[PDB]
Every structure is written in C-alpha cells, then in structure tokens.
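Take a look at this single chain in structure tokens; it is the form deposited in one PDB entry.
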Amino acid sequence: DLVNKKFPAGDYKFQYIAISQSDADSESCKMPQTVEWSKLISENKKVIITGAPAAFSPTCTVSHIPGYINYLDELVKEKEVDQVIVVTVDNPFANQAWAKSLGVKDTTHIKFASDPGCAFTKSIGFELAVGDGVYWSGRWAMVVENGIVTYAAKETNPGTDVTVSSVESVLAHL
C-alpha cells in the first residue's frame, strides 16, 4: 500500500496551464508548464491529488470534481490545503478549458494536470484500462502531508461510484 510511505514521486512530471485574473473568463495564449511531482510535494506541506477518467465527462454523469471546486475555499482557508491537483491523461490545453468550464478562475491552489500516457497514475496502480493498451486515470484521491501519503483510495467502478474519492471522504482525513 502507499499509506504512510513517502510520496513516490520518482522522476514523474505533470503539465498544467495557469488560470488567473485576466484570462479567467477569456481565452489564454499560454503554453504548458512542466512540474516534477517531487518539486510540487517538496514545496507544499499539504496536498490533495485526485484522478479523473476524462476531461469533459458529460455533466449527466457522476463526478467527484465539482465537489472539490465547491469546497476549495474551506480546503484552503480552514483546512490549510496548499494545492489541489486534478489529474487526467488528457492534454493540458483541454484540461485547462475543462477547469474554466467548471468555474475555475484561479489556479493558485487548484491545478488541472496532465499525466502524459498515464505514467504516474499507472505507477501507483490507480489507472483505468479502456482497451488496447490504452489507459485513462481511474477515479481516486490522495492526501500528502509533509511528503507522506496519509490517505489513498480508488473507486471500484469509476463509471458509477463517488465514495472514497469524494471531497467529503477526504475532508474526514485532513
């Protein structure tokens, strides 16, 4: 298991695009930033990381993501969360557009990351096989405090289940 071991960053890296004041409600001309998982974790004492199968998942379908967005103020203000990282294998531009559609106006404390080719997600066994050697991220959530995993769980059916990956389940562990 991962729980109570150091966050297994390895050489894995993720990409995201920032959203801020001006470009929040308009179109950005911004190239992706690349960030090593070890750097993110080294620089932030309290980090939530949550995987999602697909950017632009239809709103009719079950999701844990809106919950994290709704709860962000409490996470950052009352629960001292430094970062919330939403993870998909989707390209960073699509992840960013998706974040904006969901109401994100500021990525200071929440970032929508690409895990290219599901490499990090496969490495911690939280992937979702979709066919033919292709992997999306499953639905899962992780808490990292001071470089140490204090909670990690993935859904049995990412299609239908929002339980252990929910912001509420996670709140109980922070």
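Residues that one form lacks are left out of the comparison. In this text, rigid core is short for the largest set of C-alphas that superpose within 1.5 Å between two forms. Positions refer to the first chain, counted from 1. First, how it differs from the form deposited in another entry.
In a core superposition between the two forms, the Cα of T59 is the only one among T108, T59, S42, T34 shifting by 2 Å or more.
Here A153 does not count as shifted, since its C-alpha moves by less than 2 Å between the two forms after the core is aligned. Superposed on the core, the two forms differ at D25: its CA moves 2 Å or more between the two forms.
Residues present in both forms were considered; between the two forms, the rigid-core fit shows Cα displacements of 2 Å or more across three or more consecutive positions at 22 to 28, 58 to 63.
What would the structure be for the form deposited in another entry, rather than the form deposited in one PDB entry?
Below: the lone chain, stripped of partners and molecules.
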C-alpha cells in the first residue's frame, strides 16, 4: 500500500485534451497533450486522482464521476486543491468527449487522463483485470499532498460500487 510513502511517479505519462470557453471563443480543434506524472505532482502542492473503469459506462457516468464535476468548485477553492485528474485507459479523444457530455467546460483544474494500456494504474496495483490479459483502470481515488500519497483506496467491486472512490469520502480526507 502507497499511503504516506512518496508518490511513485516513476517516468509514467498520460494524455488529456484541453477544453475551454476562452479558446472556444478562440477556435482550436484539440489534439492530445502529454503530461509526465512526476511533473504534474512536483508542480502542484495538492492533487486528486481518481480512476474509472470505462468512459461512458453506466456506473462511472451516472454514479461515480459527475460527483467530482459538481464538487470541483469546493475542491479547488475551499480545500485548496490544485488538480483533479480523472483516469481511464480509454483514448484521450473519447475521454475529452466523455468529459464534455458530463458538462466540463474548462480543463484548468480538471483533466481526463489516458493511462495507455494501464501502465501507471498497474504499477500501483489499482488496475482491473478484464481478461485475455487486457487491463482497465480500477475504480479508485488518491490524494497527493506535497508529493506524498495521503489517501488511496480501491473498490472491491468497481463494476457496480462507488464508495471509497467517491468524491464525498475523498472530501472527508481533506
């Protein structure tokens, strides 16, 4: 378990695609950006990551994620949170589109990260096995302060559950 040890950034990366009003005002059709995990973390005092099995799946779309979009405001401003990252292993175009259908207008404090082939997610033991060796993210949530993991929980039944991974539970540790 990763609680209160260093954040194991390694050299892992992710890709999200920007979403903005101000840009919307200024036309750009977005291609994926690449962030180093190590870079994000050592550039922001306070980060929330949560993992989701599959973009557009009922559990993640109705029951898990919308929560974080709602509390985004309380998170950034009251709890001093810096970045909230949503993680799936789904392509960053499908993650951007998913982020949109959910109501996200601005990616400055919220980002929908790909973890290509679950590399990162596996390396912390928070993946979900789906068969013939294919790996999705689990449903989980993680809090990093100062470069230290202060919170990290995995759902036992991600398919259906959203509990230890829920923005509420997260807030409780904030």
